[PDB]
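Before any questions on binding or motion, here is one chain by itself as structure tokens, the form solved without the partner chain.
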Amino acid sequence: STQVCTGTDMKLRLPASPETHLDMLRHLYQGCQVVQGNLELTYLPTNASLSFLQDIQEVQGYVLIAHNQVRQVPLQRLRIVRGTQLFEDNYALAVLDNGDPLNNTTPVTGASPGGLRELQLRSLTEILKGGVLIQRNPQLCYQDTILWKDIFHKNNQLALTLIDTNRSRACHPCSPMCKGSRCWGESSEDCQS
């Protein structure tokens, strides 16, 4: 009834080449709605097209987003992370070391130091098991506007939040459309669901 695909188990390991790395991920996740395993998105370059992720609705293991220069990770359809397996034994979502510091300037496509600015998870409502680990993302905004209490399942015994808020740039406020000022990005289509 849903499009199924496997995940990966590479963790923080450095890929053979950026050419094979993105091509493999595109081949794996394009069309996929249910990842039966771990969604790992690592070492992705600044201008990497990630539109193949648009259909992903659930991840059965953990989500790892690490060492990316890509400015935005679009997982706007991701509704649920199960935490059937965990990162560092405790975490269902881990966002780590994503890029380089940048000031308040809106990025210039070929000049501006790369790094994750926003984790676009508008549909995320459920984390069944495991916590959230967000560390060392200089350009990342909006982790601290999110109410993770509403996302953690009531049975989640490992509902941990280890969230670093340190930033190189100031965050633009959520759009007024996001009631309660909780959002994943600066757009009105980025509010917490």
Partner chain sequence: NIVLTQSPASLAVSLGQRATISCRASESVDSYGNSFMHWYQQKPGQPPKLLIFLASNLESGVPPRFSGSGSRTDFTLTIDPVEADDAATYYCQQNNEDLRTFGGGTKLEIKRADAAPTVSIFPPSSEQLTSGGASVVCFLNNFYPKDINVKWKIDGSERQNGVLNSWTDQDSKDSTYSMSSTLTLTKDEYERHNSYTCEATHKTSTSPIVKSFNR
The other form holds:
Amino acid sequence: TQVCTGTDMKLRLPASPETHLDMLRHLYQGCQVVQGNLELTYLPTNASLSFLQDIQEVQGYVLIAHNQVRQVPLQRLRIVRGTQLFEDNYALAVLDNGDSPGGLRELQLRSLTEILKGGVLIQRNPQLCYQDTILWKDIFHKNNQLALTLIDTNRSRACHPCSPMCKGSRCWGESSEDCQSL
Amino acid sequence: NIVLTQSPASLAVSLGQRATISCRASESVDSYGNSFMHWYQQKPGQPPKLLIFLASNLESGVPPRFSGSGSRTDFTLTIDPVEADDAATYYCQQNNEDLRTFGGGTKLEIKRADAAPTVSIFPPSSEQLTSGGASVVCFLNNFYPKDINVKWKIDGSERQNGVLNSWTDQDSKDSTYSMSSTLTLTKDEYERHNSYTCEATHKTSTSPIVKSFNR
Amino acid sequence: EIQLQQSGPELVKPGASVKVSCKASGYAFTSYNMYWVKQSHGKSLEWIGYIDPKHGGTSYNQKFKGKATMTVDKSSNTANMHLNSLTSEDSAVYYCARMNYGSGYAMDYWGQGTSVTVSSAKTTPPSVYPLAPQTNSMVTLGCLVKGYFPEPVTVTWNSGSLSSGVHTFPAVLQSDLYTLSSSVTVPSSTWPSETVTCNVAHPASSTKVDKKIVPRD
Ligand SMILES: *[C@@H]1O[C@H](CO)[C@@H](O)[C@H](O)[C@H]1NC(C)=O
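Could you switch over to the form deposited with the partner chain bound, since the one displayed so far is the form solved without the partner chain?
Everything in the complex follows now, all chains and molecules, and the chain you saw is the first one.
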């Protein structure tokens, strides 16, 4: 498969919106396996992110933070290995996305079935729905001994229920294609 | 859940001998080229202390008399040479899954030479008698092994009811035990009789050690 | 040096709740997860959960979900564990312990433990009685500490200047009262010529008493 190298920018503000998006597009276009951390930060509402759509594996951690963009197209992401972790604890960190209102509306991690190491931190995403419905224990791998969670569900909009097609009312978004594969 | 089964549950080892404690896991505790097995020492009334981490790594500051070996489902803590300060309970613990589990513990008794108890009997205090009660106390101090029999005799007749016994844990310096036996009576019942005796029978002699007083 | 300082022993009524605290010093508190562990008397260690102090992520043993709640107070470098709806089966020693990533997530520094007693029995100070004894070269003296609740008491001899040769026995509970004894052995040349006094502190009843040992007839 096509591999790319990840970043280690964490929450630092980029030097320029243009050079930032250009760097991410050139890094991840066509990429399937990120050998490193997938950090997606400070992206504005009009950001074109189709270049992420082939990512299937992240070897480090995924950080989605300080974005106004309403969707992040990671529907093909199947595994986060967590060989590096955000704050040495979290394999998936979704932070401060927000503030039509800006801000991530759904995670839409339809293919995510395994986190091998590290936990899940979801904080201060005022338009984010459904993150409380996910059974994270079905995603943490059996040898993941940092399977800790903090899922902030405070939000500023009312969420429509998971699709009635979804078993156990667990979903990554409103669509019947967004049910959690359990 | 990974179940950890320690063997033996207790053992007695003499100074200078080798102690071997085994931890058998119900499934592998290995992943990513690591054995997620650790070992702790807990002295009575203290927190556990880390000895060995990741099956074989000696924790800094721990004497190299301690070592760990093994892999997959079978692990061993070795103490060689055993020293008096090793009297303690030892635990294995794994975290190859998020659910941490511990073994049931192995109690290590230090085998020293047998020692007879030093026996002392004490009458009820005038203060307690003034309050209406009457406790007779017998101390049986610094003996080994722990097994011991105490008998209370009142005017030559044995009394079993109303006796409370308490043992210390094995001493970390001299590897002995001590015990107290307390016979509690009412003042009026205490005043019914004259001779009070505690008789200590211990492996070190066929003859009991007898201490007595007359009210 | 790294230290984890836990709050003192707690007596709580059945059905109530208790907060156990664990103050960390000697390292960056928010850079390490904190484990919580239960040990019932004479039993093995049980994992309750662990918490990340920086962002508050938690992982609980399912067995303790909803009995225990872990929180942190970063300003005071303190991890707290709240136990709710307490029963007799919650009487135990509770430990905090630091998680070490590099050491395979081992528990490398432990607090001293907080003993929680769940009970309806009333706090009662001890009665302290002298145990007075000669022919021998060493003489054994003692103090009987009777009828107190809850644990613990602290027994010293000569205000702590007699520390060698002491045995303080574990307390035994009877009809909601504890009793224990303490013995001290000294050269017959130091008693009765010089005085020997036990001092018994019982913090839960805000008492501390002295009993001088005088020869029996
Ligand atoms: C997105 O919006 C910003 C203003 O917020 C603008 O400067 C930028 O050129 C826009 N980008 C695209 C691709 O339209």
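Positions refer to the first chain, counted from 1. Take the two forms, find the largest set of C-alpha atoms that superpose within 1.5 Å, and that set is the rigid core.
**Student:** Provide the displacement, in Å, of the CA of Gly180 between these two forms, taking the core as the superposition reference.
**Tutor:** Comparing between these two forms after core fitting, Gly180 shifts 1.9 Å at its C-alpha.
**Student:** Rigid core superposed, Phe52 Cα shift between these two forms in Å?
**Tutor:** Residue shift at the C-alpha: 0.7 Å.
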